[PDB]
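Following the hints, complete the assembly by docking chains W, A, P, Y, C and B onto the known chain F.
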Amino acid sequence: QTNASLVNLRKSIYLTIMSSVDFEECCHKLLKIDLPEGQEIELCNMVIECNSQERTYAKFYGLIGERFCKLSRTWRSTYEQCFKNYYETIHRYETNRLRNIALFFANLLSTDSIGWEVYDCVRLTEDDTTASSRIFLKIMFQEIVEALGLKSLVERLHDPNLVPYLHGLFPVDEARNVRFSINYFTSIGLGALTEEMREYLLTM
Amino acid sequence: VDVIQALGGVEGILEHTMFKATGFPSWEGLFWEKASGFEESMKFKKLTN
Amino acid sequence: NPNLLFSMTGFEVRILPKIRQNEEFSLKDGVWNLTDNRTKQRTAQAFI
Amino acid sequence: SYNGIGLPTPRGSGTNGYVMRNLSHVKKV
Amino acid sequence: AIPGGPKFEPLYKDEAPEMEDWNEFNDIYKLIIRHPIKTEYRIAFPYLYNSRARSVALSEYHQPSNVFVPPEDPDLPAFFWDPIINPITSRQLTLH
Amino acid sequence: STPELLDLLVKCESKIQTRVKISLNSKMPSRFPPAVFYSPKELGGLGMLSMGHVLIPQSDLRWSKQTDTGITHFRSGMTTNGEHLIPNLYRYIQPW
Amino acid sequence: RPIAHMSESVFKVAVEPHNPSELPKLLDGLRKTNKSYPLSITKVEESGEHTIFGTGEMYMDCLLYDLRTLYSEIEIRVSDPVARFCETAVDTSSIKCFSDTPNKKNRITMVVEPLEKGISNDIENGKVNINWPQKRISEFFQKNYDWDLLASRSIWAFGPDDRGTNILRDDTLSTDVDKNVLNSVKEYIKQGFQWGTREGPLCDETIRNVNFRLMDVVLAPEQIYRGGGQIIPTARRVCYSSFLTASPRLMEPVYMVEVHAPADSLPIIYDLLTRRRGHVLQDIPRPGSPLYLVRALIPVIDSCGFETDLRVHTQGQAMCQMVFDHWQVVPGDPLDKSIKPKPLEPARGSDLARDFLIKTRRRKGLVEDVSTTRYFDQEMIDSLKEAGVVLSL
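Protein sequence lines correspond, in order, to chains F, W, A, P, Y, C and B. Quick note on the entry's author numbering: the first sequence kicks off at 404 and runs consecutively. Quick note on the entry's author numbering: the second sequence kicks off at 1496 and runs consecutively. Quick note on the entry's author numbering: the third sequence kicks off at 1207 and runs consecutively. Numbered by the entry's author numbering, the letters in the fourth sequence go through residues 2 to 29, 49 in order. Quick note on the entry's author numbering: the fifth sequence kicks off at 291 and runs consecutively. Quick note on the entry's author numbering: the sixth sequence kicks off at 1304 and runs consecutively. Quick note on the entry's author numbering: the seventh sequence kicks off at 592 and runs consecutively.
Pulled out of the complex, with its shape left as it was, chain F reads as follows:
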């Protein structure tokens, strides 16, 4: 009977989101909704889906996600897993929904809400990337540059000093992947951060 219970819970979450004015009130009402112990992924997934289904990205949903992942630690882990899942399943979303999801996750990352551990799931190699993933990344990084200023971004990328190591973003020195990384990161508009790897091609 979990199909009907899950559908009813999803409907209640959607109605609660749509009957809210500001993100604080929506979070308070969502916290009032009781839910089974292991399905905390469902609330985050429907928050992201509702964000995607709307015409233009409104900071409402980014603020909702940021507040939940700042409320506790389980929500932050849930959101990192949500990003991990949504990256692999991004080829099946149209351009507008992809843009909305990219804005959501970019607002989450730009405020240090989920931590940049998520970037260990990225990899810029043709064997596991598509056009949709490329556009997803460009939108995320453009928003993050705009929000932070491209000044602090190069420190945030240059000093991982944790389990993030950018082994797909900054590819391990092998094959043609470094060329892909460099020309994509200069095509997007970033350019500066790739100068550090620009010397590797000289080295090898």
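Mixed in with the good hints, there may be bad ones.
Here are the simulated SDA-like pairs of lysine to any residue, each with C-alpha atoms no more than 25 Å apart in a straight line [as the list claims (entries may be wrong)]: (1) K554(F) <-> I493(F); (2) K626(B) <-> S612(B); (3) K328(Y) <-> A368(Y); (4) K1234(A) <-> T514(F); (5) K950(B) <-> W312(Y); (6) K1515(W) <-> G1373(C); (7) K1224(A) <-> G1236(A); (8) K297(Y) <-> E350(Y); (9) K320(Y) <-> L926(B); (10) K328(Y) <-> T10(P); (11) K28(P) <-> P932(B).
Here are some chain C residues the structure puts well away from chain A; computed CB gaps all over 12 Å [said to hold, decoys possible]: (12) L1311; (13) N1328; (14) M1351.
Because the hints were derived from the structure by calculation, they are not lab data. From the three backbone atoms N, C-alpha and C, an ideal C-beta is built for every residue, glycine too.
Below, chains W, A, P, Y, C and B without anything else, positioned relative to chain F:
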């Protein structure tokens, strides 16, 4: 559609109304008539207050 | 005083540059982020 | 009417008062 | 309004900004914040924890605590040492 | 972002409903569940758009006039008898 | 003899009339209040606001009831209650500190250090008296604190006034022919020391637990140039400068609660005490009664409405009584510009002192800058540059 879902669906809304007394088989086909024709007859005639 | 205030049409606008903020607030839906074309980065927030 | 929260009387507004806690407030030689 | 008690009408609606000034008295600039002043304080000590204190009423401060516990079973004598009472042992004293 | 306009919206929507209640010579709340007012026109309702059915944020009044404090409490808006979540109109309008 | 009361005030409240048109009646009301309450201390600050000092919150409640209703039937605006602070020194003076008389020839230098633990309490309880033959004081100090001979004989005065917790000592190296000159200038350097230690340089407040041991006094000409009024400001200024160089701290008064609650009310009391920066000295069953006795300390500044919370959360039981107990040092460092507190939240340790100091200075109307260079001369600033510790001052 959202406010239809919020109130409990079309069936949930119609349980409040007198739809059942009409004896109509299903709600899908029905439609409302805005003016009774008698009203349209007297929309220009001079009438007391 | 750090913030410009004005009222255009029916709106009351308050512009607070990032230099003079020294305070952390949630970027509401009703807060407009103003950018700078010279640096292509947000420099002030307008409260509407 | 209590700790600075609430309206002086519910009469005159379309509400009944009934303030609730935020339940999402982030308490940090 | 204490959250378990009644709610009335203000009885004093004169709080408009006719002075139009903050009086530079209650401003954050010159005030030490340690703990918020709850309304329980404003009701317990009406003349200290709030200005504009008119028509308030004062209540009995304290009463001597009652130490009578009714007997559980009539078979016991009326005068009997209740085990709840702590024993009278105070060998911590320096007398003459 | 304007907390005064929100309570004005609640008040004015409530009085718009009160006009309909008065016209039938009874303004009892049991007689008029939200399905009477907010159900679409083709279902026999009034088809009223709703925004007074939301929580109005509150913060301590002592420091509300002198600083922007965090939203610590929520005062209910127009009450729906039972568990009903009438959708907000603003959620179907994209911000400027 | 003036009455020796059993407690201090250490509880400050600022008042003002609702409309300044009725300022004089409040003044008369305050005068009458000062007449009727012995520990009430009505004071006027530079800002023009009037402060009142009372023993506790019930004391101030009754005092303000009488002020409003009994004496001056007007309406007043009462500020939030605040504790009465004090300043002290925790470390020895970094550098020698000297000052110059307006005649620019008589030079006087001082150094300072904290007292030993017992001296404060022994002075306060009357184990000492300045109106004693010097042999008794010398022997008392020698036996009880292993103090040395000449130092024990060199006790000049206690500040401020008798029963004060400051010691004017002098170590002039002996070998001074001008003993008559020294005894001439002593009688009005005493007054300067009392004035300086009564009105602190850190804030307009008394100083506790500090000895001002005089180092060197130089004055060549005859007694004509030795004016008492010419030398008192020099003594006050040098005392201030020495105290500032000693890395001062802030002392606050602490109560000592005594709660009588049943067993099941014990955890709540502990929570309140841990919440209000307090700790339990003793928690034992009460002999002969079914109640439990809790004895604890709690700072005055954090004791606002503790009794009300205790009696509300305990369903009417657990009555408490607060007695002023002693003074404790505030953990923070008062003079630390590196700390910028956000003006909404309470300080959270190691920054309490700076917050208290700046807020008190603003309340009293004193300038926030605290010019350290105001209290010592430019040559002293050069000496600080030589010593390398001029960055703090």
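Taking the hints in turn, this is what the structure says about them:
no., hint, verdict
1, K554(F) <-> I493(F), "violated, 29 Å"
2, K626(B) <-> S612(B), "holds, 24 Å"
3, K328(Y) <-> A368(Y), "violated, 46 Å"
4, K1234(A) <-> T514(F), "holds, 14 Å"
5, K950(B) <-> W312(Y), "holds, 18 Å"
6, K1515(W) <-> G1373(C), "violated, 51 Å"
7, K1224(A) <-> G1236(A), "holds, 17 Å"
8, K297(Y) <-> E350(Y), "holds, 22 Å"
9, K320(Y) <-> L926(B), "holds, 18 Å"
10, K328(Y) <-> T10(P), "holds, 19 Å"
11, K28(P) <-> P932(B), "holds, 17 Å"
12, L1311, "holds, 14 Å"
13, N1328, "holds, 39 Å"
14, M1351, "holds, 24 Å"
Checked against the numbered hints above, the structure breaks hints 1, 3, 6 and satisfies the rest.
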